[PDB]
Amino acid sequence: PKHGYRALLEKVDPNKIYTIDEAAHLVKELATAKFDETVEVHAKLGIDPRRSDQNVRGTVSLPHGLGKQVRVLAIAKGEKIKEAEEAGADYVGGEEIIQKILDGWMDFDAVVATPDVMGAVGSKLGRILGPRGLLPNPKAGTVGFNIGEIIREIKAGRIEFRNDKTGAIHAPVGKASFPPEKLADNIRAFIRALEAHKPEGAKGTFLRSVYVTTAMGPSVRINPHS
């Protein structure tokens, strides 16, 4: 999105490749104090993305911040509301829940949704969920009609990852509110999950470039082997 970020650019050296521990400490500085933000890791992979035998897809069981503890909100419609309840979502609502969130409620820690409510969710809650990194989307796997499976996967402590057509890949690894050592552990966990999924026959360096970022702030380049 358009960057106002500027008053935060001077804190990040764009030419430095930070260690994972330095980056975890930096991310904490920074982040706005006004709302929590999801921290993601983005990597460009040493794969030929036009080859179906070099796809990178799987899950990462983050050592911190997930499991039953995460309070998941599922927004759905009709039968899928029951499906979300039956899957154990902590909170469930139809489009009417949008009014509760607009009024100020955010007891939830994650948001998943069916595609049929996304027009309303984006329309009304885009500026609330977006900056917080809580806006569900199909590419991340947080929007789907298989709402029950999506909920059970998060509750089981797993985050999905899949490379895109450009050979890039990204996944959330925590929040800016996390203690830096926990954020570092989570960052390494995602890197290890990627490495474990390195396809047979991949050419050259696998993790070509890797960054830690948030939906609003600037990206921090990191050494994935640190």
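Shifts are known only where both forms have a C-alpha. Take the two forms, superpose them, and find the largest set of C-alpha atoms that agree within 1.5 Å; that set is the rigid core. Numbering follows the first chain given and starts at 1. Compared with the form deposited in another entry:
Structural comment: of the residues 157, 198, 108, 35, the hinge joining the rigid parts that turn between the two forms is found at 157.
C-alpha superpositions between the two forms give a turn of 62 degrees for the smaller rigid part relative to the larger. Identified as moving between the two forms on the superposed core are the stretches 1-3, 65-154, each made of at least three consecutive residues whose Cα atoms shift by 2 Å or more.
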The other form holds:
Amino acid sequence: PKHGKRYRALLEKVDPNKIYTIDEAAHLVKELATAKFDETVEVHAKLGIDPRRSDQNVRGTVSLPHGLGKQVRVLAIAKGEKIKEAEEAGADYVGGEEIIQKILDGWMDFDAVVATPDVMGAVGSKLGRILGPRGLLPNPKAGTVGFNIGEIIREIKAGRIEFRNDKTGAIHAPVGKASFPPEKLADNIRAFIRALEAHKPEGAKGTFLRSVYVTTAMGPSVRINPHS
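Having looked at the form deposited in one PDB entry, could you now put up the form deposited in another entry?
Only a single chain is listed, so you will not see partners or other molecules.
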């Protein structure tokens, strides 16, 4: 069969037609998290954009009220004194155009990459393909590039996450853990939704949030009302 019996039991706990309020969803999440770890909770949205149009792309950040519920691993690529600054800002792995080969040799143990401007030429040319399409190439307007590297890293450690729509027009984020008490999950969800809406492209066709869902790392989904 397509799923195991564990997953199949979860299918009886959700209505496929209902669009749930965010509070209902936040309360249901724990019933849909039956894997043997604390499952990340996710929000997904199909977006009223043409994704193949650069000017209707949706990229941005939000500081999650209660964060992801896990250690966030930041790779900072910097030069000279920015190396030390990155480090004292709690970045976990910090270096120069050196460690580009470390990423090119395929170490991908980071949840965010941030970089100073003076390294972005190398980062661009060498990690452009590996990180580009995924919106992971440090970028001045996902706020992952700057000389204020310490400031950028602190925001990330304090719960800031990035989102970028995919080439199909959907967008997705982790917004916490299913062990989060329901009001806290609901807090994170609303924050992500608010931020997603803050980057609605000027002039795109139709409703911006065509559909919105909450789901757990290995459970079924719950369609939600983003304005609840």
